[PDB]
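One chain comes next, on its own, written as structure tokens: the form solved without this ligand.
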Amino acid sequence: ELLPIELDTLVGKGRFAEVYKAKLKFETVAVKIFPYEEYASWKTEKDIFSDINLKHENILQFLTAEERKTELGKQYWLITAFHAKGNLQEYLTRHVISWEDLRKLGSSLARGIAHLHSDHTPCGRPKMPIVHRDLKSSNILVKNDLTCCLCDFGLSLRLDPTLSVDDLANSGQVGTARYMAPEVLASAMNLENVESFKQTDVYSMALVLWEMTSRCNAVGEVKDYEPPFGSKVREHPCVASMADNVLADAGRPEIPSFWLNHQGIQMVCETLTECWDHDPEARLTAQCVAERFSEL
């Protein structure tokens, strides 16, 4: 019943699990291992990866889930495709990307998020939208063809109409503080789980598009990679320090005027700027962004 897997190298370590590059006796696969204590996170990701309506080229390919008894107890595994180029944060740290790379990475990221957010399958059938809630460059994988691929669904929320308004309150602010929308940092959301939770994902996507743009040679002179707000906040910033920047100071990652000399870069910058607007209603949808990138 269990797959013939040999773990090779630890390639990732998140809040809930360890990710290993492994040999499947495909040959190279990724194995995400959750201890028994993190069963809930394993189940949450398993439910997304197993959903036939969530199979998409810009969502990490799933092979199978397994329960593996160990001496110390039991581990819960998620076996997926392995992307050798690694996560987007690591990729952008090492590489200066081309305009073509930026277009492919940006468009594929917007397509993946638009698919999660969609209330219908491509064939028109209704489907319950998913909000990622932890969109960031370390949660995006770079495929060999230089397109994006979403992963790390441990904090994702299925926009189920049965969701309690009071239960969503604490819960509290979920995700990574650095990428939290101003309305999340402000504790200013309503139990309108629909367009409102989708808008928080679009804000985080804007910061990621900024990261991709900041490492694109089409801007002219490219600086060393820095995460969003890297020059203003500490390595693991708290919600309070982020609120002081994003909300109180209306701070956003810098877009030097010289970036706008390239027509394509100018279009990407105008788009991501609309997506990180203070007002969630002024933001474009992920589908709008996917359309703007196809126009490029």
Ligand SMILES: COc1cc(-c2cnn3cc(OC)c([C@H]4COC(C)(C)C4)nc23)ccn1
The other form holds:
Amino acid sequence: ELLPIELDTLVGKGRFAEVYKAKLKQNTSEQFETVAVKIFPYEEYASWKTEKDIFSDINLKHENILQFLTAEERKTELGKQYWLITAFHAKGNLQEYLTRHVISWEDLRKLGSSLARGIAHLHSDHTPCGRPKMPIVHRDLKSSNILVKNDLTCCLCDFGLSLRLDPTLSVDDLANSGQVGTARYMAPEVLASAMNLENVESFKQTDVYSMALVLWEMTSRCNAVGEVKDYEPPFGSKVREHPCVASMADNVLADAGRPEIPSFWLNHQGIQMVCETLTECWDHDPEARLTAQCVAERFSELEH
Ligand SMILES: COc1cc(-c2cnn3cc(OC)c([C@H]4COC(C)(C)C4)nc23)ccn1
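Having displayed the form solved without this ligand, please output the structure of the form solved in complex with this ligand.
Then the entire complex follows, led off by the chain already shown.
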């Protein structure tokens, strides 16, 4: 049976689906509960299925991963819709949050350390207890799809382009997907079409590079650095609003371009640590990049 849900507001429109703030009126007498509904048309059934498989995976439950209530199929006059019902985070996406607010050092520490913890959890080949689990690579990490919870910690969602690192995966299966994701956040090796298709685990390195760009966005809006400029997306000054891969290749790969880090930012000890860490993470060489777990560990050291 379908949950008693009333759609309130359209909060997100993506290639695959629409996200709605909704009211779950389980009970007529008591106050309604705010939930999120991601709606996929029948044409996007595949994206719905990929996300559903992730959200319903018991091993994937984590504080930094969007909480999942249920998946439904709803017949409509036009056809059928595929729904994902989840917890709603009122603060919204990280990109919009950074645009509107200048964060404290404590905020940056919480946001950056929780982002790394969520990615590390997806990447992990084992559960906290010690049981083997099949790693997931997000493949489309960016500030626009990271939610901010009420306690100012990050929460991952938008798993439509995600890849389970299954051993049975073929080169043909992988190459066919090719460059998947947002061009602005693509790692240089992806822009170069230089990956080893047989090596599925190298996709973890691409996620780390995108994470580095997000960490830089958080850092750019932190008041600890000093004077804070208006929020700009990575490469905002260099490329157009919807950049192509050729143009991103030109900047990221040909010019080795990265978002600028003014030297005055380094004056703060904490900011310096974050900048050094993120710099290692966006290195041209994937091998030079730290793991998400390593980054989570460095953030732990930031209490000092
Ligand atoms: C993108 O995939 C999602 C998002 C949610 C979701 C949960 N709370 N929440 C709150 C939001 O704003 C107030 C949005 C807007 C904000 O920014 C976006 C464009 C990401 C949509 N989305 C969500 C649930 C399931 N999948």
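Residue numbers count along the first chain shown, from 1. Shifts are known only where both forms have a C-alpha. Rigid core (definition): largest C-alpha set, two forms, superposition within 1.5 Å.
Trainee: Superposing on the core, which single option in 173, 107, 80, 193 has a CA shift of 2 Å or more between these two forms?
Mentor: The only residue crossing the 2 Å threshold is 193.
Trainee: Give the C-alpha shift of residue 144 between these two forms, in Å, after superposing the two forms on their rigid core.
Mentor: Residue 144 C-alpha displacement between these two forms, core-aligned: 0.2 Å.
Trainee: Please list, in sequence order, every run of 3 or more consecutive shared residues whose CA atoms are displaced by 2 Å or more between these two forms on a core superposition.
Mentor: After superposition, only residues 191 to 195 shift as a run.
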